[PDB]
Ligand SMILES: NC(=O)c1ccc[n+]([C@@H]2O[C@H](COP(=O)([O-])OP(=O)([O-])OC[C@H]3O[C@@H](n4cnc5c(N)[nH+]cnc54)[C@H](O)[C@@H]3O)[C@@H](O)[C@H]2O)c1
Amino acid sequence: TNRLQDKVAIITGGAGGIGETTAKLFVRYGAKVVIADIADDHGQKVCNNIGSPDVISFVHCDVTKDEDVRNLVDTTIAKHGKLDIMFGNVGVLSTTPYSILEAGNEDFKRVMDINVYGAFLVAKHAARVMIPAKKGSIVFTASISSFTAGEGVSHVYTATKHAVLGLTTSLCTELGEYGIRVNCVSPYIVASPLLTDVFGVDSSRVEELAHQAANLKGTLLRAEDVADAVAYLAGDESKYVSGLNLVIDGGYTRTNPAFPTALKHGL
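Sought structure, where only the one chain appears, the form deposited without this ligand:
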């Protein structure tokens, strides 16, 4: 609760769950945080009543617009004098069918632009103010889709999460010279909002589907667990951690259980 005492953090995304929860945690740990997103949050009680107005502020920002990200960073340096942490948490899903036969061309271009170019911009403007200080920790939200595939997970989304892992690795290698660390976090399904499926598109129901399919029983992956991983990478107790893909999946991707199972019941 002083783990991040007087550190200045920018969190993009913010009106989504992981961004909101990580902002709450960072404030609890003593940081000053600037929340950014285009949606201009849910209402007010997300960014402004995560913490009090002296520790948290909101900025409208479309991460695919260089002028918006430039303004986000420069506003923050104007307000707080420095930037210690950049948490790039913008990731969108495909709007078109899974199946290469139906997957959309414009949709491929839209998700690449948001998920990869937006991450590039956030990192570029974070590096612009961190490189002169020779201090910084940049964290990207990736996914287990940064190294695995999945039925129903679109080809664009797993190509863009592999690309965010690529930017983490590439930026880690350039920015280590200035003492800046670059890492990413790769979650399994995080509890809520709800998320669609024309079946039981209900958060409690997909949480029990996620637990049923999980390696690591007796717990559910939540936004607070992802926020904990981001606070570890963001602060000074990970000062020699860089280029790490911190997978938070309870071991889900350590196995494909298909053949043990199609041996057990599946006969």
Second form
Number of protein chains: 4
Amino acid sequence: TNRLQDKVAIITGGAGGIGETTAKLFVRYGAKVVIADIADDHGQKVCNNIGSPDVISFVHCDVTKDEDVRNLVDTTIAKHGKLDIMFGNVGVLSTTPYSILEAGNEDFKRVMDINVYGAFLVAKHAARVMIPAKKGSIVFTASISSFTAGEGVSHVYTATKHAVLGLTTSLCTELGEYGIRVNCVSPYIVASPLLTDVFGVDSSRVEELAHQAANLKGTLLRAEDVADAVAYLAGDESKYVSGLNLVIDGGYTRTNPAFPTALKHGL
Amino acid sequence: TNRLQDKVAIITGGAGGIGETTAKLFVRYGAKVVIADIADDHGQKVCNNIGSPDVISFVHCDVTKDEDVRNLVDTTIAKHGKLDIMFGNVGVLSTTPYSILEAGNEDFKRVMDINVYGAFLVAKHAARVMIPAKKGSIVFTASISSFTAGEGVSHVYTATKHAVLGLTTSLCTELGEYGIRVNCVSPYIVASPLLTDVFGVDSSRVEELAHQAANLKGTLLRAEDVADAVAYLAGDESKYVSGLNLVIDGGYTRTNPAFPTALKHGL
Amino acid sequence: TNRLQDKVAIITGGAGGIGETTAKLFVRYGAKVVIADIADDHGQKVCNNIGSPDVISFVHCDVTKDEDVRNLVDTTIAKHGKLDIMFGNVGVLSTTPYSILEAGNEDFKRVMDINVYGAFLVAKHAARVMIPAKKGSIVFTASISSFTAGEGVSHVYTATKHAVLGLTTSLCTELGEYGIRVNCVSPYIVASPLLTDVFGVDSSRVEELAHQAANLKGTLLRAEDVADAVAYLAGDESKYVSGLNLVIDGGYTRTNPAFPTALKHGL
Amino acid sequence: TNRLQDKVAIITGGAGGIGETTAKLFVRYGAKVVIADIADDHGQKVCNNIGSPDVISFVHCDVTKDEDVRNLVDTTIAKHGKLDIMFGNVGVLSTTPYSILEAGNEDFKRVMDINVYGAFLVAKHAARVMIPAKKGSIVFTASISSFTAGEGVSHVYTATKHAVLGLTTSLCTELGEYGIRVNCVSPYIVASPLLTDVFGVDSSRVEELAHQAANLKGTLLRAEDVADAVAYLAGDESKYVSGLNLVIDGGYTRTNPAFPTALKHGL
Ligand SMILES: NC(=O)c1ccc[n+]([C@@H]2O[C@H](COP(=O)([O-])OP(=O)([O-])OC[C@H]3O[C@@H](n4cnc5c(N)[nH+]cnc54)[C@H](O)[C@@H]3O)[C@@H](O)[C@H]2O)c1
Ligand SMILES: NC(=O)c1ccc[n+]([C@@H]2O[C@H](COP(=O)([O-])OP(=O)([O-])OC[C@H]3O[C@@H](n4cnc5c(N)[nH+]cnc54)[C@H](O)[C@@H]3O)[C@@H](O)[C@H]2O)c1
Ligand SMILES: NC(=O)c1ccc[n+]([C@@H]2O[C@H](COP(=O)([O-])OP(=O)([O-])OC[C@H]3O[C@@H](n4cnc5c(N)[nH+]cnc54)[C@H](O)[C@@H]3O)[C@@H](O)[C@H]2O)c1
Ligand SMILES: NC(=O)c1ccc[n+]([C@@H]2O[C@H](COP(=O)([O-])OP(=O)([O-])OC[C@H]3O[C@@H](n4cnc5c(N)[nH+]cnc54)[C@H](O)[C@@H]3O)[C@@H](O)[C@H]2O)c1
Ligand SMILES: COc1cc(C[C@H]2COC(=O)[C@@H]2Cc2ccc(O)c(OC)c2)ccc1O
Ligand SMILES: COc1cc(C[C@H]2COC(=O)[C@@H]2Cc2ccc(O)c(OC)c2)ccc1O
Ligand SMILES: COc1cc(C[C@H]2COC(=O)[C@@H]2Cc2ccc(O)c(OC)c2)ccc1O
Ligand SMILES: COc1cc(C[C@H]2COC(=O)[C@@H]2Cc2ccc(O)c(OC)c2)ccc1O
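Form deposited without this ligand done, so how does the form deposited with this ligand bound look?
And the full complex, kicking off with our chain again.
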């Protein structure tokens, strides 16, 4: 109820699936939260859902705009007098096909922009008000695409989630000297939010297939489980971990099962 | 106070520095704990320190003896009716010099025995009473020597802490199908327990030097911080993570600073 | 003399230190080479140095311009009738200070542009003329900053050399199905080319300090040694390796020596 | 024909599939080779196949016996006056079932013995005659099981191929200071030698299934391709690489394809 008693957090991408569950869970633990996002009304329905303006508020922030990240942070210092936690949770997918041949050049630029520079800007301004307090935890959401590939996950998303781990490792080596921890969380498929762009995509259905394909049975990965991993990294109880890419895939990425399924027996 | 309400845990190596702080912290969180060890009287002073026989008890167990691991587990099922958590925390150092030339062949065998087979045996018997309950978390203590080297850490200790990550990754791929999570924790120097074998070794003093050499300043790594990492992995809040080697080094292993210190400027 | 007999290669960044030694070594092995670069006259003195126009030629190509990468590749197909090898060896450093606080936003964009999109564009057009031949090796130069950090290596260079490994792993998973291998080479400090921007930087002198700080003694890392690693990956003898980040650091990144040097003995 | 002109090599496990192709290829490159093995007559038919006693000879050596590794090395110094290359290529599989529950305790001990201590002993005696020459390359065969898991690859084989990478990384950090490089090679399924223990196992047939399951199409992984990777590491052209686990899996381990195949489209 108060494990994060004290704390002031900013959730970048906080109107979304992992961002709202995380904010909900940081409020349940005693913190003051600022959800930041470009999705206006969804960001407002999320906040005014969870608690009152005294604990959560919404700020518009387009994290590829430095004037907006400057404003998001300076508005959190003016509201709550400090910054303990920054969770940089913005990420977008590609909107061109997977093959390198049909993968767009503009699309590459823009996914690189939202996903990596957007994370650089967030760490830049959080490090501005955390270095003088000589305390802080910056948590980035990377992905299991921060170290593996997948047929169907575009080459710019893999390249961008590797560069997010790249800033995690790099910021960690600069900032641990000011007592600031930098970590990232690498989830597998997080369950929803009821999906159609193509057809197939429906989101009782993507977790059903994520279970087919899962190492680890009997549990569904939901946003609540990533939330618990960044609540650990964010506060409470993780004050000597800064190395970390905290993979939350139930062990999916520890094996490639293609030659074992080609193994089998009984015919 | 009750985050681990329910739980039945076995701490292998539980009379030692990381093992006692962990057991202390699992009792503070509502669990029933069995400390297992070859250090008789220290294991008894640790238990009878923490709480009453109703929550913690001591069992003698030499984890390179399968009859003793069989007995440690069957005695936990007979006392508490189940097994939720197994923390395999036994590890020993080498007692021959570092150079491959002076590194002992008997010593190699025996460190391999305590550190790897001892961990295989613990997972073997815990998996015996966890697979029918189709629930469980096995946590191993590995080390940052599970993926790096160090001048002065013997070649059998590096090779054994890599093989502990090897069983972590391997058991994870077998057991996630019975809903059992397998993880390991990789700490940097954990502070004590007031050390002399050589001279130099004194243990207000090893953390002082671990801070010299540390990425991350202003905090000392103590057994309480590894304890918090295995309490996360053990229960509460980590039920879709099974991939993990949870490094707790404040970012030490993310850089080699030798060519940056050879960089400098001011002469 | 003819180990690469047949071969047609493009060296992106080929007027530079690793690019010219590599081209020199692919010509010594029987290949036809196209050096591509924005450094006009240096690219021309490199080519007209090595051999005649029948084996090496220079093309101007600014690898952040797709019309120029389109032209570099189509000019190699028109000259030599095919494309066997693409070595994407362009990389730039940061020109703002290391601290996240003083690290430039424009500089981030531009280093991201040259180093990652520039590599995406090279793989995009090489994959255009390699997929119909269903043969090919794409080699990228990443860095040991593709998986570690360093005080003094800017946060955009770490983030960009992680994203180059990201495209290596991702392109490998797409293109191995057309028989195309994708690899990268991760060198430590490569010796020169006689350096001043600041003072200190002089390049008999940087390898002297790279030896101070080196795992592995008695050898200096020079461009000839990276050249040998990409000649292996490029042809000859590596036709079932596609996973690879081929680290060429003499073991530098396998240890952090800060707590061992804080260890020592004799006082 | 003479790329390895000079060289004196020991192939541990050299009567086997990867060991004989490697020895064949080191003789074709100008070296003097000593195949070492417990398979007597097969080791003799391999040697007396390849060339005369002046270049290859067979020594019996059970690499879990230090008196035999002492003898194998001292017999190579007495025959050829030096030691340039040590390739520790012994490995055995498990002979108990995969499940941790049915995995044998004696079998664990013995696979640990052949695979890890056997590699420790080889590096121990090679480092004896290489440190005074202050030159040398020790190459170990690890496996892709040195960093991943597989259903059906026993928990002691994963744990042993991780500990072989553990000694590779550890020996590298000790021995690079005497100018000695330590590397390992991690192959996927190497094609044969015409297999029955169970039925299914036949070895035109295992490469057929290794291709089903392969990243990288159109090539079969054969012992000749691992041979080329250890010839690179062993001599010629790799004299600043010592970090390395040289994966030769055509990219198999860079992806887990289970959720992409659960993705698909057309129904
Ligand atoms: N959901 C998964 O299965 C999955 C897996 C692994 C990693 N991730 C990452 O997890 C993070 C959160 O994703 P999610 O919650 O699943 O998706 P989501 O529901 O799309 O939430 C992400 C939020 O980012 C917001 N956003 C986009 N651009 C900007 C911008 N430029 N400025 C400010 N806000 C912006 C967007 O409005 C959205 O609410 C992202 O980094 C993902 O890439 C997702
Ligand atoms: N302390 C550090 O700085 C450090 C760093 C990284 C990893 N580790 C690992 O952390 C684990 C715990 O170590 P610690 O608490 O620092 O040391 P410790 O105080 O030596 O505790 C380990 C316990 O293992 C016990 N033990 C030894 N052999 C057996 C056996 N065969 N059967 C049963 N019990 C046995 C021993 O009595 C001791 O109490 C070990 O695996 C270490 O290798 C330690
Ligand atoms: N040299 C080292 O110590 C070191 C270490 C690790 C990795 N690397 C990487 O190795 C690669 C080669 O670097 P190097 O040979 O040392 O440096 P270099 O001498 O600067 O050569 C790189 C070449 O890239 C060229 N270039 C820059 N921008 C463009 C552009 N947009 N279009 C076309 N050409 C361009 C540039 O003219 C130069 O000749 C780069 O990716 C480095 O980042 C270098
Ligand atoms: N073949 C594959 O698909 C595969 C994949 C990945 C790694 N590996 C490893 O590659 C290495 C070579 O295996 P391979 O050539 O396929 O198999 P192999 O044909 O069994 O050859 C290995 C040799 O080791 C020999 N040997 C066994 N015990 C001893 C001993 N105690 N002392 C001396 N010699 C002994 C044995 O006689 C055999 O000839 C081993 O380390 C494997 O574990 C194999
Ligand atoms: C099992 O691995 C992953 C796969 C998925 C499924 C997709 C959503 O996010 C991804 O990266 C996946 C596939 C995808 C589809 C379309 C794209 O536009 C895209 O590229 C950016 C990616 C999710 C998390 C995992 O981590
Ligand atoms: C910074 O890295 C580490 C170094 C240390 C210091 C030593 C204790 O445990 C080790 O492995 C270290 C060195 C050492 C000394 C003597 C030995 O007998 C031994 O070999 C087994 C190891 C601790 C944790 C770290 O993870
Ligand atoms: C030991 O590690 C490395 C360090 C170096 C030395 C520098 C040149 O390239 C780098 O990345 C290093 C430091 C540096 C200085 C100034 C910068 O502008 C820069 O940022 C982009 C980097 C080279 C290769 C290594 O791999
Ligand atoms: C795709 O991955 C691998 C799988 C294989 C197939 C088997 C032979 O070696 C292995 O480790 C695999 C499976 C296996 C079967 C029986 C066992 O006794 C054993 O355990 C030791 C292992 C080979 C190389 C790969 O690297």
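Residue numbers count along the first chain shown, from 1. The term rigid core refers to the most C-alpha atoms you can superpose between the two forms while keeping them within 1.5 Å.
For the listed set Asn105, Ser99, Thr173, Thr196, the sole C-alpha moving 2 Å or more between the two forms on a rigid core superposition is that of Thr196.
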